[PDB]
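> Chain residues, written in single-letter form:
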Amino acid sequence: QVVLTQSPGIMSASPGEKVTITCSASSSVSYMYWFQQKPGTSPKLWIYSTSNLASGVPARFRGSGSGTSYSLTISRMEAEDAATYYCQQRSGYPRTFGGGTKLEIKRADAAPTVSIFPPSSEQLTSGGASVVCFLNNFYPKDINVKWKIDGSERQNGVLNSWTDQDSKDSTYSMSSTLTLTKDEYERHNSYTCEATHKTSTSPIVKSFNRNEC
Amino acid sequence: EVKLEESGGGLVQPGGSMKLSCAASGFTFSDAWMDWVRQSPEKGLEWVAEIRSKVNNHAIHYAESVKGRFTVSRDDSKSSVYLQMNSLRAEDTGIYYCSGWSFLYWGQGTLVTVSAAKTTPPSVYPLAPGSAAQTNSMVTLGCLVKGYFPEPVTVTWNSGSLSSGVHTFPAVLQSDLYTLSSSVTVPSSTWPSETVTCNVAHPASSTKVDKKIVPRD
Amino acid sequence: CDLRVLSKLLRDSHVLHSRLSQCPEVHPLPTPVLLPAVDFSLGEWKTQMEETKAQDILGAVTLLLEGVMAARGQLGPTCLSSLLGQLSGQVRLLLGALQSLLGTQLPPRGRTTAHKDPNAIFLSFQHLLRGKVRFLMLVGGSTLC
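Quick note, the sequences are listed as chains L, H and V, same order. When we follow the deposited numbering, the leftmost residue of the first sequence carries the number 1, and every step to the right adds one. When we follow the deposited numbering, the leftmost residue of the second sequence carries the number 1, and every step to the right adds one. When we follow the deposited numbering, the leftmost residue of the third sequence carries the number 7, and every step to the right adds one.
Treat the hints loosely; a few may be bogus.
SDA-like mimics (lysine to any residue), calculated; alpha carbons at most 20 angstroms apart, straight line [what the hints assert, rightly or not]:
no., chain 1, residue 1, chain 2, residue 2
1, H, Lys78, V, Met75
2, V, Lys122, V, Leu22
3, L, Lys102, H, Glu42
4, H, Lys67, L, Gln1
5, H, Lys67, L, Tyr93
6, L, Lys182, H, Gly130
7, V, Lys59, L, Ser30
8, V, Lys52, V, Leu107
Here chain L is said to cover these stretches of chain H; the calculated rule only asks that three of the stretch's residues, wherever they fall, bring their Cβ under 8 angstroms from a Cβ of chain L [claimed, not checked]:
no., region
9, 66-76
10, 100-114
In case anyone wonders, no lab produced these hints; they're calculated from the structure. Every residue, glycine too, gets a C-beta built ideally from N, C-alpha and C.
Isolated chain L (complex conformation):
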């Protein structure tokens, strides 16, 4: 029941820049332990005993700390390193972790890739129409959808889901699901999704006509 409090809650770092994370124990302990975790994934032991990289870990991670404020340092940041880092104290029982700290890598501006989708045959069969439009592989993470129907903005029935950055190229990626009914789908003809991201002034639009046009 020691309380670990990891300093920055989320930070952003540039390729090859110095990352330095803090963790801080509510009461002196022998040793901190760090694990890296990555969205979708179990966590893994990244350092232990205050400063021994667990087999696996790049030598860029320097494990440090003593007594009551501890800290994990990435020498020169890579894009693999983008993940959360959890500290843990094996001081007694209970073991105890922390906040976490979301490192993010910070690549370059990289505009999205829109592609819109008519509801399925078999959606329309069951009595529902969802018109989903994926916005893919942009950066920054700030991006924007207008769902215009017959050339006018229906503002309701929208859900935007975002991915975390990508593994390979480190991008942000959002889906956007326009969700109406059979009847309603079918009262109108043009359906347009349009994406406005800092990447460019002129919004991106992919679109359809509900007749096949």
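Starting from the structure of chain L, add chains H and V where the hints point.
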């Protein structure tokens, strides 16, 4: 080489019991102290129990939160550790990792949800581009996997062959249901020139391997 | 509450080693095993707290087990094996002892050397038993009975 597959995860209605199993291989199981360590997004990362090797005579240790309701046990003899969750609780909810040496190896976790709701197979709709599409260098398709409960649902494409440049998104919550979509991009020439199928499952024991097919006239 | 222990381990160990000298056709290893090196001057070392010092040993020790299994690993139901057996059991008790103490299991670490020679493992054990062990649990050192 060292392999932890927990299993047993589920919907439990409050007050209900559940057993988590965790099977190890890759190492001298008899030799390892074990932990259950459970994760949520609100709570986060919070240790659950610990269970020492025969050498240190199976000394047991729980978080106060769980003291009295969960029951960790092993069978050194089957190379497996267990969590017999009991008298459960909407908070007891989250990802349950069965874990390594003193925290050094880590199975992939089961989702476990206690909650009054029931199962809700997801609906699987293919998102094929459009009977008047533009087909440029590249090509994107989709699965709409809809209105399921409980989490999670596991989507791969081509039972895993097609695994590059494909975005599955986080679930969102609607009429307290879950809706999630995955996109995949293949080079133009490759579709519908070769079959892209997207397979999904949700423990609801639905398991739909629906084929993303082009749309007529 | 014993110090019967280290003293008893040592000799129990040495007994193992001896019994090997005369099994049937006794030979090296296909594959080198890594056992915890034979560090020599424990200088930099005994300056340091009793805790890190313990970890190292539990560290080495866990490595020692790995080496030794690694070596049972290798061969069939033979007499060295059946002994590497009883050895590994032995090594195991310390492992406890030190896990017991630091109250966690650390992972294998510290500088090792590759040994085909099945003795060099029996050895490696005793070396920590006589060095880094004894040299630990003297000075206060709340060790494990």
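> If you test the structure against every hint from before, which numbers come out violated?
9
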